[PDB]
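Undergrad: What follows is each chain in one-letter form.
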Amino acid sequence: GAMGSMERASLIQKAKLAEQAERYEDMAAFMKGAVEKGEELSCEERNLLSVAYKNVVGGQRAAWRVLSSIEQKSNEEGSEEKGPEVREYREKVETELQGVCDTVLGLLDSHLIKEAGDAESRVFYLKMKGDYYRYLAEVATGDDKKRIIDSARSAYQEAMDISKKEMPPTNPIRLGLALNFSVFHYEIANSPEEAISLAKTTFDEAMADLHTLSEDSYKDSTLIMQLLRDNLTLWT
Amino acid sequence: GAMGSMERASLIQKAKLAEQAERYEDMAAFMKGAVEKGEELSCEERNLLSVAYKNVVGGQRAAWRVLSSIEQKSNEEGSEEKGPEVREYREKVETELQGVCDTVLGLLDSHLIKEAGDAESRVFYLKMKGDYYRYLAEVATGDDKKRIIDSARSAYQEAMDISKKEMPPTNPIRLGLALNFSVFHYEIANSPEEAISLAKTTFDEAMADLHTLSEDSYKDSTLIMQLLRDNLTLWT
Amino acid sequence: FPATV
Amino acid sequence: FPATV
Ligand SMILES: [Ca+2]
Ligand SMILES: [Ca+2]
Ligand SMILES: [Ca+2]
Ligand SMILES: [Ca+2]
Ligand SMILES: [Ca+2]
Ligand SMILES: [Ca+2]
Ligand SMILES: [Ca+2]
Ligand SMILES: [Ca+2]
Ligand SMILES: [Cl-]
Ligand SMILES: [Cl-]
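Protein chains in written order, with the working numbering: chain A, 1 to 236; chain B, 1 to 236; chain C, 1 to 5; chain D, 1 to 5.
Bear in mind the hints are in silico, worked out from the structure with no lab data behind them.
Be aware that a few hints might be false.
[Claimed, not checked] Straight-line Cα separation of at most 25 Å, SDA-like style, residue types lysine to any residue; simulated pairs:
| # | chain 1 | residue 1 | chain 2 | residue 2 |
| --- | --- | --- | --- | --- |
| 1 | B | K73 | B | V139 |
| 2 | A | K16 | C | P2 |
| 3 | B | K164 | B | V139 |
| 4 | B | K54 | A | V66 |
| 5 | A | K37 | B | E85 |
| 6 | B | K16 | A | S68 |
| 7 | A | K54 | B | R61 |
| 8 | A | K16 | C | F1 |
| 9 | A | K16 | B | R8 |
| 10 | A | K82 | B | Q20 |
| 11 | A | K114 | A | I162 |
| 12 | B | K92 | A | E77 |
| 13 | B | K200 | D | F1 |
| 14 | A | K82 | B | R61 |
| 15 | B | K16 | A | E76 |
| 16 | B | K82 | A | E36 |
| 17 | B | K92 | A | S10 |
| 18 | B | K73 | D | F1 |
| 19 | B | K114 | B | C43 |
[What the hints assert, rightly or not] Selected chain B positions facing chain D (in silico; Cβ < 10 Å):
| # | residue |
| --- | --- |
| 20 | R134 |
| 21 | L136 |
| 22 | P172 |
| 23 | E187 |
| 24 | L228 |
| 25 | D230 |
| 26 | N231 |
| 27 | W235 |
[Claimed, not checked] Simulated restraints on C-beta separations:
| # | chain 1 | residue 1 | chain 2 | residue 2 | range |
| --- | --- | --- | --- | --- | --- |
| 28 | A | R147 | B | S217 | 55 to 61 Å |
| 29 | A | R147 | B | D230 | 55 to 61 Å |
| 30 | B | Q157 | A | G99 | 43 to 49 Å |
| 31 | B | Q157 | A | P172 | 54 to 60 Å |
| 32 | B | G142 | A | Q20 | 22 to 28 Å |
| 33 | A | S5 | B | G142 | 47 to 53 Å |
Just so it is clear, CB atoms sit at the ideal spot from N, CA and C, and this is done for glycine as well.
With the hints as extra help, turn the sequences into a complete structure.
TA: Below is the structure:
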C-alpha cells in the first residue's frame with residue numbers, strides 16, 4: 001500500500017516512535033504496513049498493532065458517544081428543531097469508526113488468523129476479532145445487527161475454547177479475553193448474569209493458580225484480576 | 001473546497017459539535033470551510049477558528065518535541081547508529097506541522113486580515129499571524145529562519161500598536177497578545193529582558209485599570225494576568 | 001463504562 | 001514551557 005516501499009523493520013521502528021509521540025493514527029498506519037508485508041508478527045509486534053488501533057478506535061468511540069447523546073436529546077419532547085447536522089455529523093464519525101474496524105478485521109482475515117498456529121498468537125487475534133465486531137455492534141441499528149453480534153460471539157468463543165485448553169488460568173491473554181467477553185455479555189448481548197458468572201469464575205480460577213507465579217508474572221495477572229473485580233463491583 | 005457544498009451555518013454548527021466531541025481536526029476543517037465562504041467572522045466564529053487550529057498544531061508541536069529529543073539523543077557521543085528512521089519521522093511530523101501553519105496563514109492572508117477593520121478583529125487575526133509564524137520559527141533551521149522570525153515580530157508589533165491605541169489595558173485580547181509576544185521574545189528572539197519587561201509592564205498597567213471592570217470582566221482579565229505572573233515567576 | 005483491555 | 005493563549 002502506501003507503506004509498500006518502506007522496510008518492515010523501519011515500519012516497526014517508526015511505530016514505536018509514533019507511540020512515544022502519542023501519534024496513534026501514524027502508529028496504526030505503520031503497523032498496517034508491517035502486517036501487509038506478509039510475515040507473521042512477534043509478540044511485541046502484535047502488541048504494537050493492538051495498541052495503535054485500540055487508541056484510534058477508542059477516540060472514535062468516545063466521540064460517537066458524545067454525538068449520539070446530543071442526537072438523543074435533540075429528539076426529546078420540547079426540543080427545538082435544529083436540522084440534519086447532528087445526525088449527519090454523528091453519521092460521519094460512525095462511518096469513520098466502521099472503516100477502522102473493517103480495516104482491522106481485514107488484516108485479521110488476510111492473513112493473520114489463518115497463519116497463527118500457536119495458542120498465544122491465535123487467541124490474541126481472535127480476541128481482537130471479537131473486540132472489533134463488538135465495536136461495530138455498539139453502533140449497529142439495522143438488519144445486520146444480529147449478525148454482527150453473532151460474529152463477535154463466535155470469535156470470542158473460539159478464543160475461549162483454545163485458551164481454556166492451552167493456557168494457564170493466570171495467563172494475561174486468557175484473563176483479558178475473559179474480561180472483554182464478559183463485557184460483551186453485559187453491554188452487547190443483554191446477558192448480565194452470564195457476564196457476572198464469567199467474571200467471577202475467571203477471577204476465582206486465577207486466584208487459585210497465583211501460587212505458581214514469579215513476582216513479575218504475579219503483578220501482571222493480579223492487575224487484570226483487579227479489572228474483573230472492578231466490573232463485578234459495578235454490576236453487583 | 002471539500003466543504004464548498006455545505007452551508008456556512010451548518011459548518012459553524014458542526015464545528016461546535018466537533019469541539020464538544022474533541023474532534024479538533026474536524027473542527028478545523030469545518031472552520032476552514034466557513035472562512036472560505038468569504039464573509040467576515042463574528043467574535044464567536046473567530047474563537048472557533050482559533051481553538052480548532054490551536055489544538056491541532058498543539059498536538060503536532062508536542063509530538064515534534066518528543067521526536068526532536070529522541071533525535072538529539074541519537075546524535076550524542078556513544079549513541080549506537082539506528083539509521084535514518086528517527087530523522088525521517090521527525091521530518092514527516094515537521095512537514096505536517098508546517099502545512100497546518102501555512103493553511104492558517106493562508107486564511108489570514110486570503111482574506112481575513114485585509115477585511116478586518118475593527119480593532120478587536122484586526123488585533124485578533126494579527127496575533128494569530130504572529131503565533132503561527134512563531135510555530136514555524138520553532139522548527140526552522142535553514143536560510144529562512146531569520147525571515148520567519150521577522151515575520152512573527154512584524155505581525156505581533158502591528159497588533160501591539162493597534163491594541164495600545166484602541167483597547168483598554170485590561171482587554172483580554174490585548175493581554176493575551178502581550179503574553180504571547182513576551183514568549184516570542186524569550187523563546188524565539190533570544191531577548192529575555194524584553195520578554196520580562198513586556199510581561200511586567202502589561203501586568204502593572206492592567207492592575208491599575210481593574211477598578212473599571214464588572215465582576216465578569218474582572219474574572220477574565222485577572223485570569224490572563226495570572227499567566228503573565230506565572231511566566232515572570234518562571235523567568236526570574 | 002466497564003473495563004476492557 | 002511558558003504559558004501562551
Ligand atoms: Ca525488505
Ligand atoms: Ca450509519
Ligand atoms: Ca504460523
Ligand atoms: Ca500452554
Ligand atoms: Ca448559503
Ligand atoms: Ca524540514
Ligand atoms: Ca470589514
Ligand atoms: Ca476601543
Ligand atoms: Cl458531516
Ligand atoms: Cl516517516
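Undergrad: Starting from the hint list further up, note which numbers the structure goes against and sort them upward.
TA: 2, 3, 8, 9, 12, 14, 21 and 33
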